[PDB]
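All chains, please: the whole structure from these sequences, using the hints.
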Amino acid sequence: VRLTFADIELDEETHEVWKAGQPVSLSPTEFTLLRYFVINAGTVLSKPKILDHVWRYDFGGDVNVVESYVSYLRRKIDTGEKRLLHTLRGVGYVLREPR
Amino acid sequence: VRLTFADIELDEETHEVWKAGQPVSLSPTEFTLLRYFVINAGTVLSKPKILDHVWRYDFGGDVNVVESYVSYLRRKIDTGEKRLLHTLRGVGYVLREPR
Amino acid sequence: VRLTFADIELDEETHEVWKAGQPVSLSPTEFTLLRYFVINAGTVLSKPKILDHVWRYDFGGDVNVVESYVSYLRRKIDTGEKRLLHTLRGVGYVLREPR
Amino acid sequence: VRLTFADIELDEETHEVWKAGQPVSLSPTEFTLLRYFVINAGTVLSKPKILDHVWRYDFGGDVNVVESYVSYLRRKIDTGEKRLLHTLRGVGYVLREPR
Amino acid sequence: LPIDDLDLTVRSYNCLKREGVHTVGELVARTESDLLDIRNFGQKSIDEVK
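Residue numbers (the deposited numbering), protein chains in the order written: chain M, 149 to 247; chain K, 149 to 247; chain L, 149 to 247; chain O, 149 to 247; chain A, 596 to 645.
No wet-lab data here; the hints were simulated from the structure.
Check each hint, because a few of them may be wrong.
Unchecked claim - Sample of chain L residues at the chain M side, in silico, Cβ under 7 Å:
hint, residue
1, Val192
2, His234
3, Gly238
4, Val239
5, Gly240
Unchecked claim - Some chain A residues flagged as far from chain O (calculated, every beta-carbon gap over 12 Å):
hint, residue
6, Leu611
7, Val619
8, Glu621
9, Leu622
10, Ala624
11, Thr626
12, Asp629
13, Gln638
14, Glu643
We treat Cβ as the ideally placed atom computed from N, Cα and C, and that holds for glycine.
In structure tokens form, the structure reads like this:
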């Protein structure tokens, strides 16, 4: 039941994550975000539905929170500038591998 | 749920294409243009209706934007001068199999 | 039947506990909490789920009671600052072997 | 077949109690309580579980009956302030021979 | 009202708890003959109920 993509690995029981088997400590918010994108891998995801589902409906102010999130993941799980979590401007982000 | 037109392959689930064996990138607006063209493949679309379906309803700009977008399509999907995606002067745009 | 993890031992036949080779006294509350921790070895425990399961549902007080209880458990069995019982801010606690 | 523990001795053929074979009797309620105690020697006996098994289930009264009964048992066989059947608050009592 | 709320005693409480007499409504419905039929009934219980 443990969920992975390519080499990044995740457990829904112990909530441990493996960057190709390498240790990493992740804050709970973007932890649930990452768990989301793994559970619906194969689909591009955009900020309206991000802040609708993984954030409370009462949040009616700022929007750049998910951009800051994806920024911390970008700096954390990918050393190369070319990142596996590709970004499509205006339609959000998707989780692929370079072709 | 998939989208096909002869040598044109579109998956909207994770927003990807393949033409003759090579995935390519594209802007969101022109991607939505292509999506509309392939769902309404074999049917002629008028530019009024095209804009009303793909762009903003309150778009007060000119009409050459759709020409620019379709040109950007054409420099990416069909290399030959004879055109899979065809234009009818005064009636709009259409997608066909070359004859 | 008797539960164990690394050094910790626990028997529910007569409700006794063991922290690396000795009998330690514990109140029934923290006994039930550690028991609920050892049933889910490999699983992380969150304050809401524990207050639902081991605590009564109509508990009208503040959650901080379980904070006090887990602090007591830390100073009970995890005498050193390095701990078998690990904290996760905004999430809860788990019981894994310290690394 | 007599149920024994160090000095405590109980028979199910003539229904008599012994503390290392000295003159001692027991009223039927406490006698049945000690029968359950010896049949569960080394196993904890909680107030709910004793009032279920050794006490008839129709009991609409309060728990203090079992406290009075265990006081009778202490003053009868465990006369010394330090006893052989030891009390855990909330969890009842258990056979823990003093070391 | 519950009979126990009348601040009764050991034997009456035990009798109402083991047997299952809960409210004074059933006591005012039941006559003296219908309540004295119970075995091991106390004279103090009879006096206080009267």
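Quiz prompt | Violations among the numbered hints | solution = 2, 5, 6
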